[PDB]
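Visitor: Chain by chain, the residues run as shown.
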Amino acid sequence: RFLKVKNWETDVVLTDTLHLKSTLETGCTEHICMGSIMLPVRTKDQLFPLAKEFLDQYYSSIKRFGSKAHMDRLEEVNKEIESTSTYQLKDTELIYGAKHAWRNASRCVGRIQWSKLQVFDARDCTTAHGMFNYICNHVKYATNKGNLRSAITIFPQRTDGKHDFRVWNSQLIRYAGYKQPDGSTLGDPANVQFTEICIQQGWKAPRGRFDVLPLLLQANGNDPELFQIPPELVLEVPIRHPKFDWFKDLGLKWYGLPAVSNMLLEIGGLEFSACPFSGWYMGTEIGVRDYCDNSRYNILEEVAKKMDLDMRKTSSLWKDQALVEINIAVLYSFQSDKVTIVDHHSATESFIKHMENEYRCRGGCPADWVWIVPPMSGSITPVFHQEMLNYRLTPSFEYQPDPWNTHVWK
Amino acid sequence: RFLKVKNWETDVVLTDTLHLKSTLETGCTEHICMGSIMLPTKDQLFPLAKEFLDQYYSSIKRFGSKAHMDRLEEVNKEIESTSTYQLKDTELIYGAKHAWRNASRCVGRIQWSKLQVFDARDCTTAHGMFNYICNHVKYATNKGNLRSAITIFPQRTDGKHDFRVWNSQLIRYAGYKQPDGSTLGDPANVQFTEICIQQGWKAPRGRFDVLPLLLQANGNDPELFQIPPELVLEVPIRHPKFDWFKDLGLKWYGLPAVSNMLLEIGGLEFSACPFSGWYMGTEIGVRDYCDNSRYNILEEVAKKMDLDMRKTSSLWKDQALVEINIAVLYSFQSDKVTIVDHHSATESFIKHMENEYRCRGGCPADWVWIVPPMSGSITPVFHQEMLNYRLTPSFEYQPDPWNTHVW
Ligand code: HEM
Ligand code: HEM
Ligand SMILES: C[C@H](O)[C@H](O)[C@H]1CNc2nc(N)[nH]c(=O)c2N1
Ligand SMILES: C[C@H](O)[C@H](O)[C@H]1CNc2nc(N)[nH]c(=O)c2N1
Ligand SMILES: CCCC(=[NH2+])NCCC[C@H](N)C(=O)O
Ligand SMILES: CCCC(=[NH2+])NCCC[C@H](N)C(=O)O
Ligand SMILES: [Zn+2]
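For the record, the sequence lines run as chains B and A. FYI, in the deposited numbering the residues of the first sequence are 299 to 338, 348 to 717. FYI, in the deposited numbering the residues of the second sequence are 299 to 338, 350 to 716.
Hints are not guaranteed to be accurate.
Within a straight-line C-alpha distance of at most 30 Å, the following computed BS3-like cross-link-like pairs (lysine-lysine) qualify [what the hints assert, rightly or not]:
1) A:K620 - B:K452
2) A:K486 - B:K302
3) B:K304 - A:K660
4) B:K447 - B:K645
5) A:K386 - A:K319
6) B:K486 - A:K660
7) B:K645 - B:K452
8) A:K620 - B:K613
9) B:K620 - A:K560
10) B:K486 - A:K304
11) A:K620 - B:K550
In short, the hints are calculated from the structure, not lab data.
Hey, can you work out the whole structure from these sequences and the hints?
Guide: Structure, rendered in structure tokens:
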């Protein structure tokens, strides 16, 4: 079956066939669309076919499909699964797997960079201290003094589900949030629960507005342990504005390395529950969402006041005006400090080119419109006008429940 | 099943059961979601009619009553004998209001019950249509104090006597392909504009020429008519600070009236059902004015603001965008012409959504269309999960008449 996708701005129509290889469900039925819904131990049986599917794709990609090497590997894995209930991926297969989970991530607008990914094999890791060392190395390599490099560190795969490796932090670098008795919040509201766990686990919180959280790491299913990231490894950018000299006095700053650490990487049926990965920020993530979401730093008013905008009525679009200035400030500061970052215009224009390229060479590009379109200036970015098809391909990155809700304490 | 919807900003959760009453397909499947796709017999009729009459009588607290039963049989006998049926005035009004209520892509449905319905089912000629339309335009405009309304022309019979308003909107600007290769006016209407010329209209070749109405009655060929200039309210666009703005020579019409859709009520199809409300600022300022394939004015405005257009990272497009939208809202409000900003409108929709969830069990909404084209996440709807599904009565898209008409 062929599915057409049209761009209402250029009239360019594309044809998708890749979706035919979609296996997982979407949450939508022929009667209801759940497109705007945030989030709608395997057995030997359902494992080998998943392993086979993957190996077929791997060998096909290297132009060795049907080869003796291809056939022996399948036999090798089958024997391994029947003999151990699981199997180990070759280094090359792991790299290939990691790159494709990224390539297949329908909610990522930065996939034009999918082939450039440094993969760190941490499958020989056995303890929390070990994980800490691996994570420090990842942070330093990826930061690269501001010239960010995409990377991912892969810890031991899940086995019986009782010895899972997990990074309890949602991101390797993030600011603490503290609920005050008066009901207000100091720091990042998004991380209040995790901050409370860190404190309960022994962390001495400086209780400031931008405290870098400590790492809470779980190795081989054991109770998590706290570690402080060497401060000198944490690159941060003070936020100032090119024209507004009072902006810097708002006391704002952010970290330069965005690294998602709470997702699950699925490759050939295997589950990698600890797989922190990082790239670089698209400006709006910080300037629109992290700073202006009502449930995040919520700085719109305070900024609007200093600009002395007419905040008496919404029709003055004072929120919209303050929003642009803030985002101008984020880009300006990062560029000035020579810390990699991309604005939403460049990022979306690149995605459209990546997407068209993918349709031609791969026959498709699963994309979540709701997530791809930036949180500000939507229609003035090309992705807004682009029809998209969302479906799930493996390898992939999946959400997984927060560990404190499932962990069996020892 | 019973689906739940969460607002990630307020944590508030709502349970949807109304979707269980959906009937038409969504275009999506368990393997693929098409949420961002602009457009994914007597035996067939009675069940549809029954479904409608049932919900109607239920709304008037007379479900299962003799009246309910009587009406059901009357319509039943009418379909069997005449292969179709006529709605009572009360059923027509209820149907139109509910089509709006069910329009998943409309952010202003909190106003759904306040709709003036003009029954034009007695219309027989194109001239009759023109008269009905002028009256609608005048009633809705109301000297700037806009009132929502819809005019319903005769329903479909054998598909060969369909009433159609060829225009996409009652009021819209023409577009012409110039020698330069460029386009004069609204690119979105180039094609329709040519069918008018190709039909007789004497295009003024301007940047903002109000198009003539191309009305089709009883399947006959469409006729042209000029909407009385004095009935077309327009607003010259100026900025409250940039005195140079007025020089861009921009203006827009005050009455947004969709006229190319099809109204479905109890199986019956009303192929000519122009309806109107009032504008939400961004529709004009963001889409009509800045869409690359529309008036595409960003650069011009940017230049006059004197900002660094050298690099995209200076966000000159975003700055210019905000100003253009401040100007649209400013002008309409200055001339006392009804208009709502995206902040106010989305806040209202969230309120409506909550009312609909507790009183009706849900509210079908298309996130992709509900979220404004600018400042997405600073509006509450961005953080509001929404379930999209089709409920009838409904407003449907339909083929442009010139691709089906047999002259
Ligand atoms: C090179 C820089 C990159 C840019 C500019 C980019 C940009 C983005 C943005 C803007 C989002 C949405 C984030 C949000 O709203 O929370 C996103 C999501 C995502 N990206 Fe990328 N990305 C980059 C690299 C990567 C890398 C290295 C990976 C994986 C190896 C990746 C995997 C994903 C995934 C899985 C999501 C969805 C996360 C979620 O559901 O919260 N991205 N990306
Ligand atoms: C009174 C104020 C109203 C407001 C502020 C409002 C606002 C909106 C907006 C912002 C859109 C999207 C327009 C676009 O992107 O092209 C829309 C679409 C729509 N509205 Fe409303 N609306 C109003 C009245 C009405 C009325 C009176 C009806 C029906 C009787 C209605 C039916 C629809 C339909 C069917 C759509 C989708 C149109 C399409 O698919 O192009 N609206 N509305
Ligand atoms: C409810 C809705 O799904 C939610 O607010 C989504 C919308 N689009 C998004 N897009 C991105 N990139 N990131 C997000 O967190 C969201 N949140
Ligand atoms: C391709 C995509 O569906 C298309 O650009 C949609 C996006 N959201 C929209 N939302 C509204 N209100 N109006 C539109 O015309 C669109 N266009
Ligand atoms: C790993 C990918 C890099 C990236 N651009 N974004 C990750 C999510 C970051 C999150 N949106 C934030 O503002 O912190
Ligand atoms: C009839 C509904 C009222 C309304 N706000 N919009 C209809 C579509 C208008 C179209 N988006 C425009 O900018 O002209
Ligand atoms: Zn869907």
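Visitor: Determine for every hint whether it applies to the structure shown.
Guide: Results for each hint:
In summary, the hint linking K620 of chain A to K452 of chain B is supported, as the alpha carbons are separated by about 24 Å, within the 30 Å threshold. With a CA separation close to 28 Å, the supplied pair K486 of chain A and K302 of chain B stays within the 30 Å bound. Restraint check: the Cα-Cα separation between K304 of chain B and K660 of chain A comes to about 34 Å, which exceeds 30 Å; the hinted pair is violated. Straight-line distance between C-alpha atoms of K447 of chain B and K645 of chain B comes to about 16 Å, which keeps the hinted pair within the 30 Å bound.
For the given pair, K386 of chain A sits about 26 Å from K319 of chain A by alpha-carbon distance, which is consistent with the 30 Å threshold. Among the hinted pairs, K486 of chain B with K660 of chain A is consistent with the structure: their alpha-carbon atoms are about 28 Å apart, no more than 30 Å. This hinted pair checks out: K645 of chain B and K452 of chain B have alpha carbons roughly 9 Å apart, not beyond 30 Å. Distance hint between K620 of chain A and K613 of chain B is fulfilled; the C-alpha atoms sit about 26 Å from each other, no more than 30 Å.
Annotation: proposed proximity of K620 of chain B to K560 of chain A holds, straight-line Cα distance about 23 Å (limit 30 Å). Using a Cα cut-off of 30 Å, the hinted pair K486 of chain B and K304 of chain A holds, with the two alpha carbons roughly 22 Å apart. Annotation: proposed proximity of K620 of chain A to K550 of chain B holds, straight-line Cα distance about 16 Å (limit 30 Å).
In this structure, only the earlier hint numbered 3 is contradicted, and the remaining ones agree with it.
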